[PDB]
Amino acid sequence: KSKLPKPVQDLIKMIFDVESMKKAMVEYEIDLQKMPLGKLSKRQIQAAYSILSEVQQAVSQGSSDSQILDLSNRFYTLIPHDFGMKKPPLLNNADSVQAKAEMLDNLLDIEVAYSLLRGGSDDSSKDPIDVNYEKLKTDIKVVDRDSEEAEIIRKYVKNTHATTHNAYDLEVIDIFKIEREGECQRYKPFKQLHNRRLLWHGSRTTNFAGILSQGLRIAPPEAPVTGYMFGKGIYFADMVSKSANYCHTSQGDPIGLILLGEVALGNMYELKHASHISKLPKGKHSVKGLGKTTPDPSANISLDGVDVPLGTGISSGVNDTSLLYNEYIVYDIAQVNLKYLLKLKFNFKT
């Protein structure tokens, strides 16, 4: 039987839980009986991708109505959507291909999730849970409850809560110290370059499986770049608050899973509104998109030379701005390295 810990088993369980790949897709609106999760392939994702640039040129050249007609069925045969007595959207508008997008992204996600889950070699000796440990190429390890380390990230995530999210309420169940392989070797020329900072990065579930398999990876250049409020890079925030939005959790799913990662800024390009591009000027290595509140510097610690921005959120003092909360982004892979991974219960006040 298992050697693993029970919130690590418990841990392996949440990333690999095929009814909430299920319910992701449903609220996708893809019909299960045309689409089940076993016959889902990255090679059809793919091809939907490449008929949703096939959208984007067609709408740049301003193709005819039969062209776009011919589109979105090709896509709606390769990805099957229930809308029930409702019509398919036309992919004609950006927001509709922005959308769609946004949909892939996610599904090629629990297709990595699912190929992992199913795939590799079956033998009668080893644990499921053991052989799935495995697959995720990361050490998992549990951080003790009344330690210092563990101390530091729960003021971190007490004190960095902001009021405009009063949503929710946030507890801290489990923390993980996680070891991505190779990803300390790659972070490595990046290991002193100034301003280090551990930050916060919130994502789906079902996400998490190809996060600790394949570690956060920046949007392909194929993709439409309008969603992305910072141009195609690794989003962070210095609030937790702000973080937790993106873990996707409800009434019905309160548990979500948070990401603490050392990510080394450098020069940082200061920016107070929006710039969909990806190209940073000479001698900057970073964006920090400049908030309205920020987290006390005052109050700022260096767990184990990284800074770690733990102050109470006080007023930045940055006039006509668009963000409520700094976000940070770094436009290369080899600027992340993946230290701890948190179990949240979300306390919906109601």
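Residue numbers count along the first chain shown, from 1. What changes on going to the form deposited in another entry:
- Of the listed residues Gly120, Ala94, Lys232, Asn300, only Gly120 lies at a hinge between rigid parts moving between the two forms; the rest are more than 12 positions from any hinge.
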Contents of the next structure:
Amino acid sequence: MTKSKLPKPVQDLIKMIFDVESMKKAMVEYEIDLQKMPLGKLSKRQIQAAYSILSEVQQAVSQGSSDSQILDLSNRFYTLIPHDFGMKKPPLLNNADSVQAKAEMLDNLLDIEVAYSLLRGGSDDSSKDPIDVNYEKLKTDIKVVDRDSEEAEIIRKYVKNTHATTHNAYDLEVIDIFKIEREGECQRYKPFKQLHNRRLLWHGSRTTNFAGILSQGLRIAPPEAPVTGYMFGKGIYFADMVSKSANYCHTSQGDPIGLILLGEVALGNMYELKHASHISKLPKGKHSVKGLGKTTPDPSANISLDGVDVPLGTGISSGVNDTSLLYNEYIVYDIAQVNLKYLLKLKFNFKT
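Next up, can you give the form deposited in another entry of this protein, since the form deposited in one PDB entry came first?
Next comes a single chain, given without company.
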């Protein structure tokens, strides 16, 4: 039992990422019946089948089919994924809002299954630290960034300047800044290295999703998933406001620690949109979608970190009139266009 020699912040990141109990709390959060469907019985093909029902609902809504099939499909969904709503009525699956809500849950279920499968697979060695074994499963080089360097100064300033006044429920404190290097991702990203308009953007996610996020990278919703469950289609979503992405950590009062990503995203030509557009492909010659937000990080204060633009400017009006987005959103539809650079441990201080 050789005790791990990894730095203490990296060891804590490993423990927090592979926490089986956190995976169970996330499933209870969705009111999933863990007695009828324990974490060990959660299956990949089960999740894709549930995605198919969501897509079947989407098509039934789109042709008028009949709302009673939609009733049957909704009941079929709750049979496939056993829930426990105690005495209340389970939410019906008859409108686009409920399809998005269940697609989001399946997104988290998909990454939770990947994490658990990682843990219970491969090899195990009694003489090895579980932290050391779980670290190697991530297939990622993780190094703690020195607090006093210019990387951390830029990253801290990115956090400090782009917390929107709208997201007033909490404030953010940077605990740890990690430099991350997924195996093979640098080679995969090379075909996009010298594309224009490369920005450093945030991606917030639930803590449980990060075992899959680090082992497999950011992925696109599977083909079974309904394209109308996502505002701008089935792509990878980023933000330039740290608080916009931190909201997608789903941090609570009982679990105030969150994980957020800083990724280099090859945006190229930007299909600028102001409202929903459930697309699967992009128009020829366009490399990403930008949701136009009312507030944008002041473009006068942009800096370059390793030839990548960092929109750490404070929030100002964008001049866009008829848009449905409070803040900007960046979406790519090819996973090769993303190169993950930094991983942040954030403490959420909720104001009460």
